[PDB]
Amino acid sequence: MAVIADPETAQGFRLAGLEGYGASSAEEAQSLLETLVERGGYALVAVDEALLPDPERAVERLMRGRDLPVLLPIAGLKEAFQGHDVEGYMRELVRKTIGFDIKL
Amino acid sequence: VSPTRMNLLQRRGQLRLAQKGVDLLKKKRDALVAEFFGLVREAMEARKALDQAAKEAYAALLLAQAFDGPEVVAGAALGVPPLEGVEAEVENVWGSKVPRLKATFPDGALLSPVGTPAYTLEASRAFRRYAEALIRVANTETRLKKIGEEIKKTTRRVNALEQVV
Amino acid sequence: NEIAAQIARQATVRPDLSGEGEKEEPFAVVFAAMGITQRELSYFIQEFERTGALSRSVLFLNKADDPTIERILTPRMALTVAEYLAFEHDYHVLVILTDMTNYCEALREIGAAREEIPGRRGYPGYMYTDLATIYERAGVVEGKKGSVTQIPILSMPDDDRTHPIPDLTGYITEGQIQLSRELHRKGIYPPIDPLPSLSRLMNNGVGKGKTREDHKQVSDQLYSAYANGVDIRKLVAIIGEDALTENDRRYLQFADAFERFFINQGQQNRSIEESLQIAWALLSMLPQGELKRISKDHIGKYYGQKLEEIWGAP
Amino acid sequence: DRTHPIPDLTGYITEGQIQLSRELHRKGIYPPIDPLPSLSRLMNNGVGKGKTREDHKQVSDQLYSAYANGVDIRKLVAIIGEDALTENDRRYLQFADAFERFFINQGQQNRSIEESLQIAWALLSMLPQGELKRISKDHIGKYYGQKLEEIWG
Amino acid sequence: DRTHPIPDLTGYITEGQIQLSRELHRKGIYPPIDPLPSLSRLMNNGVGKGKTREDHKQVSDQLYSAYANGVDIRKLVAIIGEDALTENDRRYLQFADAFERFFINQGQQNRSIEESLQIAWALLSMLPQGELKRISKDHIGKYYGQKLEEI
Amino acid sequence: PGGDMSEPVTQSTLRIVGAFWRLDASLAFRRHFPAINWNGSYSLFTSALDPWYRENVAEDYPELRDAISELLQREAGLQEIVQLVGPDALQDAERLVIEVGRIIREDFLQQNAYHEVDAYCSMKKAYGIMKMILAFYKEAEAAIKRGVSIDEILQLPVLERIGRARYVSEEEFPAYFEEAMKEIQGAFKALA
Amino acid sequence: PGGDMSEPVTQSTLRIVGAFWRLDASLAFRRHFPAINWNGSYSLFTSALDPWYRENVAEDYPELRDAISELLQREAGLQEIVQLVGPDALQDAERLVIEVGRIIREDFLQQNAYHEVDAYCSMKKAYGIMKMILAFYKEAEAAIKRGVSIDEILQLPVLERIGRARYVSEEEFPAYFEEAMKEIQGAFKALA
Amino acid sequence: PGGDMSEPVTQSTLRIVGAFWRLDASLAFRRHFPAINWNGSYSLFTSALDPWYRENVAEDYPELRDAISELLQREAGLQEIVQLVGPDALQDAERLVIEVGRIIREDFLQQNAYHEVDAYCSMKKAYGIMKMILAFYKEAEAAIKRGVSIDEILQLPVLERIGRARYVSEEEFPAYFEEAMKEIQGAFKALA
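Residue numbers (the authors' numbering), protein chains in the order written: chain H, 1 to 104; chain G, 4 to 168; chain D, 161 to 474; chain F, 320 to 472; chain E, 320 to 470; chain A, 387 to 578; chain C, 387 to 578; chain B, 387 to 578.
Don't read these hints as lab results, they were simulated from the structure. Heads up, a few of these hints could be off.
As the list claims (entries may be wrong) - Over 10 angstroms on every C-beta distance to chain D, these chain A residues come out as not near it, computed from the model:
(1) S412
(2) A414
(3) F419
(4) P437
(5) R440
(6) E441
(7) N442
(8) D446
(9) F494
(10) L495
(11) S508
(12) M509
(13) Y513
(14) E565
(15) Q571
(16) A576
As the list claims (entries may be wrong) - No farther apart than 25 angstroms at their CA atoms in a straight line, the calculated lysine-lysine pairs in the BS3-like style are these:
(17) F:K370 with F:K456
(18) G:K156 with H:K103
(19) A:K575 with A:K524
(20) G:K51 with H:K103
(21) D:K370 with D:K304
(22) G:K30 with D:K394
(23) F:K466 with F:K452
(24) F:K452 with A:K517
(25) H:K96 with G:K148
Ideal Cβ positions, reconstructed from N, Cα and C, are used throughout, including at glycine.
When you get a sec, could you build the whole thing from the sequences and use the hints?
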C-alpha cells in the first residue's frame with residue numbers, strides 16, 4: 001500500500017502502483033504514519049530505516065487497537081546502494097528476544 | 004487453611020503438581036527456542052533477498068530518471084492506477100494468530116502507462132519484484148515476533164511459578 | 161491379593177541357567193495372612209487348591225475377627241517354619257506376608273492395652289525393632305544350601321510414603337515394588353509402576369553366569385526409554401503431535417506399546433527368556449543408534465525382532 | 320475455621336447452617352451470607368405446589384449451579400489473562416458479579432418470596448435458555464426473559 | 320526462619336537486630352549485613368550534633384531510601400526486562416551495585432565513622448543533587464563533593 | 387470430625403469393608419448430588435460380578451464400564467494441565483476428552499433423589515445411557531480426525547437428548563434409546 | 387508468638403473488643419509506619435460516630451472517608467494484576483488509580499511519631515488532606531478523559547504540595563489548604 | 387530417610403563437623419567418580435592449613451586452588467545458557483570457560499579407584515596438574531584474544547598429554563610435568 005522513503009523511491013513506488021510518500025525527517029514521517037493509520041492504510045506500511053530506526057515508536061499509541069498493519073524498516077534508494085548490515089539488526093533482535101548474544 | 008493431616012497431603016500434592024507444571028513449561032520453552040532459531044535463519048535469508056531486489060530495482064530506476072525525462076517517468080507513474088488491496092490471511096502460531104500478508108496484482112504490464120520508454124518500464128517490474136520480496140520479509144518478521152512474544156511469556160510464567168508459588 | 165497369589169503359584173528357581181542342570185534343591189512357599197476377611201480367605205483357599213500349588217505350601221491364616229495376639233504371633237510362626245525348613249532340609253523358601261499394616265495396627269493396639277506411652281504418630285516406640293526382628297530373619301548362610309526370601313506386602317494408609325509403616329519398612333528392606341492406581345484404572349494388570357520401583361540387590365543376582373549377559377543393560381535402557389516417553393506424552397497434549405520430532409513420536413509409541421504389552425501380561429506365566437524377548441521386540445521400535453546404554457555386541461545379536469509374542473499366549 | 324470442634328459438632332447435630340463470609344463483608348455486601356457453604360436440610364419439605372411457588376426448587380438449583388460456575392471461572396481469570404475468556408465464561412463472570420451485587424446485597428429491606436423469585440429470574444435471564452439444564456421448559460417459558468433494570472428504575 | 324521461637328523471643332526483648340543475608344554472602348560481600356531488615360531503636364538518641372557529625376541521621380535516611388529504591392528497581396527488572404528503564408531507574412540500579420560493592424563490602428578494614436560518612440557521601444553524590452530529598456540543603460554542598468571513592 | 391479421613395475409625399473401617407463410597411464436600415457445595423468422590427472410591431466386588439452382568443444385563447457391559455472408567459481416568463489426568471495453562475491451550479482431542487468427561491459427570495453420574503423418575507434407575511437404563519455416550523464419543527473423535535472444529539460438535543443438538551435421557555421413564559426408554567442411537571448415527575455419518 | 391494470629395490469646399481477645407488494629411511485619415520492615423494493615427483491621431464504632439463527625443468536623447466527612455476506602459480497595463484489587471502482567475499493559479484509568487492509591491498510602495496514612503509537627507494531627511487536617519486528594523483525583527480523571535497523558539500528570543508540581551501537607555503546622559494549615567485547592571483546580575484548568 | 391537435609395540429626399551434625407563431602411547419585415549416574423558434588427560441599431580447615439601447604443607443597447598452592455575454584459564457579463554460573471541455547475551458540479570466551487571446566491572435571495576431579503596408579507595421588511601431582519591446566523587456560527585465552535578460533539584450540543595435541551597426566555606414576559611425574567609445561571607454551575607461541 002504505502003511506503004515512506006525518499007522522493008525518488010516514492011516516485012518508483014508510484015511507478016509500481018504503491019502509494020509512495022516523501023520525507024526527510026522524523027516529524028513528517030510520523031505525521032504521515034499517523035494519517036495513514038487514521039485513514040485506515042491497509043496492512044503493510046514500510047518506512048525507510050535511515051529515516052526512522054523503529055516505526056513502532058509511532059505505533060505505541062495505536063498498536064493496542066489493531067493488528068492488521070505490519071510495519072518494518074527498509075533501506076532507501078541511496079542507502080541500498082551501499083552495504084547494509086542486516087546481520088547486526090538480527091543480532092539486536094535476538095538479544096532483545098532472549099537477552100544474550102547468540103553468535104560469534 | 005485449617006491445619007489437618009488431609010490438608011497437609013493436599014498441599015504436598017499441589018507442590019508436586021506445580022513442580023511437574025514447571026518442568027512441562029521448560030520443555031515447551033525449549034521447543035519454542037528450537038523453532039525460533041529456524042525462524043531467525045529464514046528471516047536472514049529473506050532480508051538478503053529483499054536487499055538484492057532493492058539494489059536491482061534502484062539500479063533500474065536510476066537510468067529512467069536520467070535517460071528519460073523526469074516528467075516522463077512521473078507521468079508513467081501517475082498513469083498506472085495505484086496498487087490497492089493486501090490480503091491478510093490468518094496463520095496459527097502456537098495458539099496465537101498472525102496475519103499472513105499477500106498482495107493482489109493487476110497483472111502489471113497490462114496496466115502499462117503512456118510512459119513507453121524501456122528504461123522507465125524496467126524500473127516498474129523491478130519495483131514489483133521488490134514489493135514481492137518485501138511481503139515475504141514482513142511475513143517472516145511477524146512470525147518471528149510472535150514466537151519471541153510466546154518465549155517471553157513462557158519464561159515469565161516459569162519464573163513466576165518457581166519463585167512465588 | 162491377586163499379585164500375591166500369582167507370585168505364590170508361579171515362583172520357581174532356574175538351576176539350568178546357572179549351569180548346574182539339576183533341580184536338587186527343593187522349593188517351598190510359606191504364606192502368612194494377617195487380618196484378612198472371609199472373602200480373602202476363600203479366594204486364597206480356592207487359588208491354592210485349584211492349581212495344585214498347595215502341595216508345596218504352608219498357610220498361616222489369621223482372620224480379622226480373630227484375637228490380635230494371634231495376629232502378632234502369625235508371622236513369627238511362619239518365619240520359624242521357613243527357617244526350620246531352609247536351614248535343616250536345604251530348601252529354598254519364599255515367605256509372603258499379606259498385610260503388614262494390619263500387623264502394625266495390632267501391635268499398636270496391644271501396646272495401648274498394656275498402658276505404654278506411644279511414640280511418633282501414636283505408634284509404639286519399639287516398632288522399628290519389632291519390624292527388624294521380623295524382616296532380618298531372611299538371608300543366606302555360609303555353608304548352608306538353603307535360603308529364605310521375604311516379600312512383605314503392605315497397604316500405605318493414605319498413599320503416603322512418609323507414613324511410619326512404609327517409612328520404616330523401606331528403611332529396613334532392600335527396595336520396593338510400587339503399584340500404580342493410574343495403571344489399575346487404565347485396565348492394566350498387574351499394575352506395577354517401573355519408575356518408582358527399585359531392587360537394591362539386582363546387580364548381584366544377574367550377569368553372565370546367571371540369567372543372561374544382557375539383562376542389566378536391557379533393564380536400564382527400558383527404564384530410560386520409558387521415562388522419556390512418559391515425559392513426552394505430557395507435552396504432546398499441549399503442543400500437538402505434529403510439532404514433535406520423529407524421535408519424540410518413536411518414544412511416545414514405545415511408551416504406549418510398553419504399557420500395553422510389557423506391564424499388561426494378565427495371568428500369563430512368563431519365563432525370563434520370554435520377558436527378555438518381549439523387551440527386545442519393544443526396544444526394536446526405537447532407532448538403531450538410540451540404544452546408547454547397550455553394547456554393540458548385544459545389539460548385533462538381538463536387535464530387529466518384531467512384536468509377535470503377546471499374541472502367542474491369549 | 321469450619322473444622323473447629325464447636326462448628327463441626329454443631330453442624331453434625333443441627334439441620335443446616337447459615338455461614339457468613341468475610342470476603343463479602345469487606346466489599347460492603349449485607350447480609351454477607353455465602354450461599355455455597357450454607358445449607359438447609361428441611362428446605363424441600365416447605366416448598367412445592369401448595370407451598371410458595373412451584374418453580375422454587377429448580378430455580379434454587381440453577382442459581383447454585385450458575386454461581387458455582389462463575390466462582391470457578393474467577394479462579395481461571397486469576398491465573399490467565401481476562402481477555403482470553405470465551406463469551407460464555409464472560410457471561411458467567413458477569414452473572415456472578417450481578418448476583419453478589421443484587422441478590423445478596425439487600426440492606427435492611429424486607430422482601431417477599433415473589434419479589435426474590437422475580438430477582439432470581441431476572442438474574443437467570445442473563446444466560447441463554449440452553450444453559451438452564453436444571454429447570455423444566457414450562458417454567459422457562461413462563462418466567463424467562465424479564466429484565467433486571469425493569470424491577471427498579 | 321525468623322519466626323522460630325529463639326529469634327522471635329529474642330526480638331521481643333532487645334532494641335533491634337542486625338540481620339545477615341545469604342545473597343550477599345553468595346556475592347562474596349563481607350560482612351554480609353542486609354540493611355533493609357535491620358533496625359536500631361535507640362539510634363535516634365545516640366547520634367547527632369555533639370554526639371557525631373550533624374548530618375548522620377539525614378544521610379542514614381537517604382541511604383536507606385536510595386537502597387530500597389534500587390532493590391525495587393532490581394525486582395522490577397527481573398520480570399519485565401531492562402529496556403523499559405528510565406535514566407533514573409538505571410541510575411538507582413547502578414547505585415545499588417556500587418553500594419553493595421563499596422559501602423558493605425569493607426573486608427577486614429577498621430573504618431572510622433568519618434571515613435564511613437565520607438564514603439556514604441561519595442556514593443550519594445552519584446545521584447542528582449535534587450534527588451537527595453531527605454537531606455537538607457545546608458549539608459548538601461558542604462558534603463556533596465561530587466567525587467568518586469578514593470579507595 | 388472435620389471431614390478428616392485420617393481419623394482412626396475411618397482408617398479401621400477402610401481395612402475391613404469391600405466397598406468404599408467417599409463423599410466430597412466440594413460437590414455438595416455445588417449441589418452436584420449424590421456427590422460421591424470418584425477418585426477416592428473403590429470396590430473389590432467388580433470382578434466377581436461379571437458373569438451375572440453378562441447373563442442379566444448385556445454381553446459387553448463390563449467392556450463399556452471399563453471404557454467409561456478409562457475415560458474418567460484420562461480426564462482426571464488432563465485436569466492437571468487444564469488447571470495449569472487453561473482449557474484453551476489444549477489440542478482438540480484433549481478438549482473433546484474434557485467435554486466428554488463433563489458430559490459423563492452431568493448426565494450419567496448425577497442423579498436427583500427427589501425427582502419422580504430419576505430417583506430410581508435400572509441396570510439397562512444406565513447401560514443404554516453409557517452406550518449412547520460412548521457412541522457419541524467415538525463419532526466425535528472420528529469427526530475430529532476429519533477436521534471438524536470442536537465448537538461445532540459441542541453445538542450438535544443430540545447433546546440435549548443425551549442430557550435429558552436421564553429423565554425418561556423406564557417404559558418409554560427402550561424406544562427412546564433406539565431413536566437416540568439413530569439420531570447420533572445421523573448427526574455425524576449422514577452429515578459427513 | 388511468631389506473629390501467628392490463631393494464637394489463643396489473640397482469638398480470645400478478638401471476641402470481646404470493639405476495634406482491631408492489626409500490625410503487619412511487612413510494612414514495618416520497609417519502615418512504613420504506623421504500619422496498620424488496613425485490609426485486616428476493622429472497627430465497630432464507625433457507624434455510631436457519624437453524627438458527631440457531621441456536627442464537629444464536616445457535613446460530608448463520612449462520604450469522603452468512604453471514597454478514600456473505596457480508592458484503597460480498588461488499588462488493592464489492581465496491585466495483583468500489576469504484579470502479574472506489569473504496569474506497561476494497563477490503561478490510563480487504572481494507572482491513575484494506582485498512583486492515587488500510592489499517594490494516599492505515602493502522604494495520608496504515613497505518620498512520623500518523632501517529627502515535631504507530624505507526630506500529631508487534628509481531624510480537620512485529615513479532612514483537608516482527604517479533600518485535596520479527592521479533588522486531584524477528580525481533576526486527573528477528567529484530564530485523562532480529555533486525552534492527557536498520565537506520565538504528564540505524574541510530573542505536575544502540585545503533587546509535591548499534596549505530599550508536603552502533613553508537615554505543615556496546625557496554625558498554618560487552613561490557609562495552606564485553600565492555596566492548595568486553588569492550585570489543584572488551576573493546574574488542570576490551565577492544562578485544558 | 388528421604389534425603390532431606392533438614393532432618394534434626396543432619397542439622398545437629400553439620401553444626402559441629404569441620405567439613406561436609408556431599409556424595410551425589412546424579413554424578414554417579416553419568417559415570418563420574420568419586421562422585422562428590424563440589425557445589426554443595428565445603429570445608430572450614432583451609433585457612434588454618436594454608437601455611438603447611440606453603441611450606442610443604444608450594445608457595446603459590448593456595449592461589450592455584452582459589453583459581454581452580456573460581457573457574458569451577460564461573461563454569462557453573464553458565465549452566466543456564468548452555469542448557470537453554472546450546473554450547474555452539476556461545477561466544478569464544480564462554481565456550482573456552484565451558485571447555486576448561488570440562489577438562490578440569492574429566493582430568494583432575496575424576497579419579498579411578500580400581501586403577502593401579504590412579505588410585506592414589508599425592509599433593510605434588512595435584513599441584514602439577516592444576517598448574518598445567520591453568521597455564522593452558524591462560525595461553526588459550528591469549529590466543530582467543532589474538533583472533534584464534536576455539537575450534538582450532540580444541541584440536542591441539544597437548545590436550546591428550548594433559549588428559550593422560552593422572553595415569554603417570556609417582557616417581558616419573560616430575561619429568562612428564564616439565565615436558566608438558568614446555569609443550570603447553572610451545573603449542574601456542576610457536577604457532578602464533
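Cross-check of the supplied hints:
Against the 10 angstroms criterion, A:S412 stays outside the reach of chain D, whose nearest CB is about 18 angstroms from its own CB. No Cβ of chain D comes within 10 angstroms of the Cβ of A:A414; the nearest lies about 22 angstroms off, and the non-interface call holds. No beta-carbon of chain D is positioned within 10 angstroms of the beta-carbon of A:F419; the least distance is around 24 angstroms. With 10 angstroms as the threshold on Cβ separation, the claim that A:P437 sits away from chain D holds: the shortest Cβ distance comes to roughly 15 angstroms.
Even its closest Cβ contact with chain D, about 17 angstroms, leaves A:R440 beyond 10 angstroms, as expected for a residue assigned away from the interface. The Cβ of A:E441 sits about 21 angstroms from the closest Cβ of chain D, beyond the 10 angstroms cut-off, so the non-interface label holds. For A:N442, the non-interface assignment is confirmed: its Cβ lies about 22 angstroms from the closest Cβ of chain D, beyond the 10 angstroms cut-off. At roughly 14 angstroms, the least C-beta separation between A:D446 and chain D is larger than 10 angstroms, which holds for a residue marked as non-interface.
Every beta carbon of chain D lies more than 10 angstroms from that of A:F494, the smallest distance being close to 17 angstroms; the non-interface claim holds. Chain D leaves A:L495 outside its interface by the beta-carbon criterion, the shortest separation being 16 angstroms against a cut-off of 10 angstroms. The beta carbon of A:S508 sits about 26 angstroms from the closest Cβ of chain D, which is more than 10 angstroms, so the claim that it is off the interface holds. The Cβ of A:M509 lies farther than 10 angstroms from every Cβ of chain D, with a closest approach of about 21 angstroms, so its non-interface assignment holds.
Non-interface status of A:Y513 relative to chain D is upheld: no Cβ of that chain comes within 10 angstroms, the nearest being about 19 angstroms off. Distance check on A:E565: its Cβ is at least 32 angstroms (rounded) from any Cβ of chain D, clearing the 10 angstroms threshold; non-interface status holds. Interface exclusion of A:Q571 from chain D stands, the closest Cβ pair being 27 angstroms apart, more than 10 angstroms. With a least beta-carbon separation of about 30 angstroms from chain D, A:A576 lies farther than 10 angstroms from that chain, consistent with its non-interface assignment.
Taking the CA atoms of F:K370 and F:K456, the gap is near 21 angstroms; set against the 25 angstroms cutoff, the hint holds. Among the hinted pairs, G:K156 with H:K103 is consistent with the structure: their alpha-carbon atoms are about 24 angstroms apart, no more than 25 angstroms. For the proposed pair A:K575 and A:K524, the alpha carbon gap of about 11 angstroms is at most 25 angstroms, so the pair holds. Note on G:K51 and H:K103: the hinted pairing holds, with a Cα-Cα distance of about 18 angstroms set against a maximum of 25 angstroms.
Between the alpha carbons of D:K370 and D:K304 the distance comes to roughly 20 angstroms, so the proposed pair stays at or under 25 angstroms and holds. Only pairs whose Cα atoms come within 25 angstroms are accepted, and G:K30 paired with D:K394 is accepted, the gap being roughly 10 angstroms. Restraint check for F:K466 and F:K452: the C-alpha separation of about 21 angstroms stays at or below 25 angstroms, so the hint holds. Simply put, F:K452 and A:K517 have alpha-carbon atoms about 22 angstroms apart, close enough for the 25 angstroms limit, and the pair holds.
Our distance criterion of 25 angstroms between C-alpha atoms is met by H:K96 and G:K148, whose separation comes to about 11 angstroms.
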